[PDB]
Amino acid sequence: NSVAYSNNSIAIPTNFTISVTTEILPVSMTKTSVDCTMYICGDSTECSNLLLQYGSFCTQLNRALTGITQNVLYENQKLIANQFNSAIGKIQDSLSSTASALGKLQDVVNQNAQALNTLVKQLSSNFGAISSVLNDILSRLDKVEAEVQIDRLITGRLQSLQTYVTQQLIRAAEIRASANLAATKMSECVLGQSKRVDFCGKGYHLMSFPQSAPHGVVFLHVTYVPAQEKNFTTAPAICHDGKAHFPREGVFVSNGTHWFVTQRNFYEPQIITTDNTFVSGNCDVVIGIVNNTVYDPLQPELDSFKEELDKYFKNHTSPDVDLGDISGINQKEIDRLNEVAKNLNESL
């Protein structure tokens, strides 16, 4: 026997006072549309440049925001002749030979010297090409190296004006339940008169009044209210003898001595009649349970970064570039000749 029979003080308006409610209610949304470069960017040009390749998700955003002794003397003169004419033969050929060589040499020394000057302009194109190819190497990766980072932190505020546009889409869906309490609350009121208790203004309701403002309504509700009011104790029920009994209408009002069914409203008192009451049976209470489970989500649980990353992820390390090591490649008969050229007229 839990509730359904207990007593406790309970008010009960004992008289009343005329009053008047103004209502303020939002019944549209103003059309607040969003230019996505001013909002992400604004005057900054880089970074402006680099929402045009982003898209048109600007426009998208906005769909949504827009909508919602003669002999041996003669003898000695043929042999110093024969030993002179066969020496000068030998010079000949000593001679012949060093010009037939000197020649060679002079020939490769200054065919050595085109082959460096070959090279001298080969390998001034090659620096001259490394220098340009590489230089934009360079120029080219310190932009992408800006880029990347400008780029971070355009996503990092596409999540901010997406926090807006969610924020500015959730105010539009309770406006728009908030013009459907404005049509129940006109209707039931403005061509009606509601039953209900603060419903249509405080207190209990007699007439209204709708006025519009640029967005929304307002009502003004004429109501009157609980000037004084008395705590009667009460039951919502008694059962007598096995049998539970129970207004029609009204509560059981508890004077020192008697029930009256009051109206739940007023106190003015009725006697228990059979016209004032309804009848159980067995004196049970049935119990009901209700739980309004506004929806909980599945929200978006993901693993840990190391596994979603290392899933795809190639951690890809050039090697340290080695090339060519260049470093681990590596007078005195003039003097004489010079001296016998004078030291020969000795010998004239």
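So that the term is clear: the rigid core is the largest set of C-alpha atoms that superpose within 1.5 Å between two forms. Residue numbers count along the first chain shown, from 1. Compared with the form deposited in another entry:
- Looking at CA displacements between these two forms with the core superposed, a shift of 2 Å or more is confined, among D93, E174, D151, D198, to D198.
Go ahead and give the structure of the form deposited in another entry, now that the form deposited in one PDB entry is out.
All you get below is the one chain by itself.
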């Protein structure tokens, strides 16, 4: 017998004051379209120019927000002439061979001088070619290493603009429920005298007069409130000798000695009769349970970043460049000939 037969002090309205309410309801959201350049980048021209390659995403966000003795002296004469004549013929061999040698040395040394001037003109081409191609690699790699950090910050400002767009769509879907509230609250109270307490102005309703506002309706409700209420002990029902008895359109207001079915909203007692009450059987309480569970979504739970990264990274290190190490490739006769050019006159 838990609570259905407990008696507790309940306030029941004892007189009235006449009153009026001004109640303001908004009935209509202006389309807060966003320029996506000025939001994300603003004045800063390098990121602005990057925004064009993010495509027409800005428009896409605005679709959302815009909606919503003579013999031996003579034989010595034969002898010395035969020694001389044979010597000079050996001088001509000695000298002709030296000319044929020194003329092959002067050939090959000038062919070497030609080869080195060929090498210098070709290597001037290589250090000139590498000057231009490697200056361009340097100048363009400096541009590309300036440009992946600005995209990083644009992409984190994209999320700030997507939080802007979400909170601006969220509010517009509350506004469209407040326009449904303005529809039911217009209908039931401008087209319809209510018997509900505090709907259509504080207290109890007499009459109303709507007036417009720029995006709203305002109601003048004429109503009466309780100027003066008393706590009567009560029960919702009473179980006499195993039968439960309970009101019809009232409560059991409790007098010191008797039960009366007062109207819930006023102290005006009337006697228990089979026309003021209903009746039951066996004196039992039915117990009901209601639990208004408002949706808890499937939130997007993820692996640790190491697992979702390692699924698809290559730690490729290019080798230390080694190339060819070219450091590993490593007068007396003219004095005499000048001396004997003089000292041969001592044998003239």
